[PDB]
Each structure stands twice: as structure tokens, then as C-alpha cells.
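So that we are looking at the same thing, I have put the structure below in C-alpha cells.
All protein chains but one are shown at their positions in the complex.
The first chain written gets the first letter, and so on, giving A and B; residue counts start at 1 in each chain.
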Amino acid sequence: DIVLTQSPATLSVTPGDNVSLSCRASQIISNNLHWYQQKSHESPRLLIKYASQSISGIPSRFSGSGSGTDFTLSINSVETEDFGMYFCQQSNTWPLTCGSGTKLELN
Amino acid sequence: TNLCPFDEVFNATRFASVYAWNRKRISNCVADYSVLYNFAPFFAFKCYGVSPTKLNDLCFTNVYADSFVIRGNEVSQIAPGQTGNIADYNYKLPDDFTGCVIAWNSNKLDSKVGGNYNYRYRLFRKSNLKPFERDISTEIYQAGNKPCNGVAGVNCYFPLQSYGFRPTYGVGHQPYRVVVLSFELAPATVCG
Partner (left out) sequence: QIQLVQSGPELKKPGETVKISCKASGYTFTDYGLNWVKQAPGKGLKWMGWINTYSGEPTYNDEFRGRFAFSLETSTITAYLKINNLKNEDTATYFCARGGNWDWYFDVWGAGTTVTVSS
């Protein structure tokens, strides 16, 4: 297993601000990390594949970077409808495993 | 007393194609092969130089670990002194090999009914490959007729062809994965 620790567990932002999420791995994964978004009681969706490339169909604000074992997903000009829990899910070694998941609430 | 990456290289997701064999250098560990001994599906655990039973309590040093994907028929060429297409153009082991060559039957994982044209191998080269060196050159091979300068056609050949890897080919044509441990038997760093 490659346990992925997400920090911080809690968050507090306001609409119209810039904030960056963080999911560092434990072993060296060659940029094989994807980022997920799950809202309240619905099927989680795909935000960005391979930690840097975007999904055609998502808004033009979600964009993350990082390569190696330190990854950061930064959402800028946050809208209040972007509330939800964010999951990182690596793909390098088996078995695939997601992070604990952090929640991005409002103030 | 920290285990070393036999996990990162054995149960990994995407083994790279053969013409560019990814090479992981292991060092400063305690390599327990009893993790592999338990995993049964290994189609060919052929060790040249040492015997697998006396392999645990030894102490190697400078141990590498290659990896690729090749046809089911062309698996009998990753061995010292073999002749053919893979070991003359992709990956060749020297005559004094002192490691092991492991194989899978990865038809469940790397086979779509659509043409899996993603893996490739080398078809034409000026000279045979020196032992343990790769060639990722992507340019046309040709006899000295006319330098086509990167154009495919008559008497000009794009070197890297692709496998088919269909799930209906056969036990001899579906992709087999291979990991080539090559010990170097100086202070010993790894042990059991």
C-alpha cells in the first residue's frame, strides 16, 4: 500500500479567494496521482488526471501541479458551490488506494 | 533493516515497452525473496549463476532490476547467448550472466480486443546491441539508397513496430512481462 496523507483535514475559506490543497505520497510515484471531488451524498467525479492535465468539461479554475512525492491542487477564485470532499487516488503500484479525504467548508 | 523495492517493481501498473527497459538500481537493503517464493503464477523463475534455493542467505551487491513486455514466444530469448530479434535489437544479456529472469502471463492486464498498439519493439538496427544498453533512437533505418530524411515509403522503414496483444491470439502471442534481476557478485550491501 501507498498511504497518502492529506493536509489539512479541516479548511475554512470564503468565496472569491485562492486556496491550495495538498496530498503528499509516501513512496515515489511518477506523477501518477489523480484528484477527485465528491459533494454531499453523490458519486465522486474526476477533476484532473495525472495531477497536472485537465478534464474537458470541468470549469477553468481547478488546476494542480507537483511531481514526485509532493502534490498540490490549488483552486483559485473559489465559488461557494465548490464545497465538498477532495480525494487523491494514486495509480502507480498495486493496490490502488485513495487518501483519507479532506473537506472544504465555508465560514 | 529496511526492505527494498521488490514491491515497487513487481506489482507495478505499467511496465514500459521493451526498447526502453526501465532499470531500477537496488542498494542498501535486506532483500527477502520469500515474498516472491510464495507468489506462484511465475511462469519461469530461471536463475543463471546461482540456484534459487541457496539464494536467500547470500549477500549480493550492485543488484539491478530491469522490466519490459514481450511476446509469449519471444520470452525464450532473455537468456545468456540467445539469438533472435529481441536479444539482438532490444535487450541482450552478457555471456557471464549471474542473475535471474522471471516471467508472467499478463493476458488479463495488457490485452484489449481493440488493437493494443501501445507496446513496441525494435525491428532494424545498424549493429547488434552491446550487452545491457538501450537504444531509444526514433529515426528511419535504410540501406544507402536515398536518405528519405524521416519519410516512410519505399526502402525506408520506421524502426519501432508494435505488438498486437489481443486476448484471442494464443498462449504464445499474448504479452508476457519479464523482470531481469542481475546481481553483481567489495563490501556486500544487501542480504536476506
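Keep in mind that, in the parts below, a residue touches a chain if its C-beta (ideal position, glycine included) is under 8 Å from a C-beta of that chain, and two chains touch if they have at least 3 such contacts.
When the missing chain is restored to the complex, the residue among B:3, B:35, B:59 or B:109 that touches it is B:109. For subunit B, the residues touching the absent chain in the complete assembly are 13-14, 108-110, 112-114, 116, 118, 167. Against the chain not shown here, subunit A presents residues 34, 36, 42-46, 49, 55, 87, 89, 91, 95-101.
By our rule, only the chains that are shown with their structure count from here on.
Subunit A and subunit B have centres, each the mean of its CA atoms, that are 35 Å apart.
Residue ranges on subunit A touching subunit B, taken from their complex, read 27-28, 32, 91-94. Looking at the complex, you find that subunit B touches subunit A at residues 7-8, 11-13.
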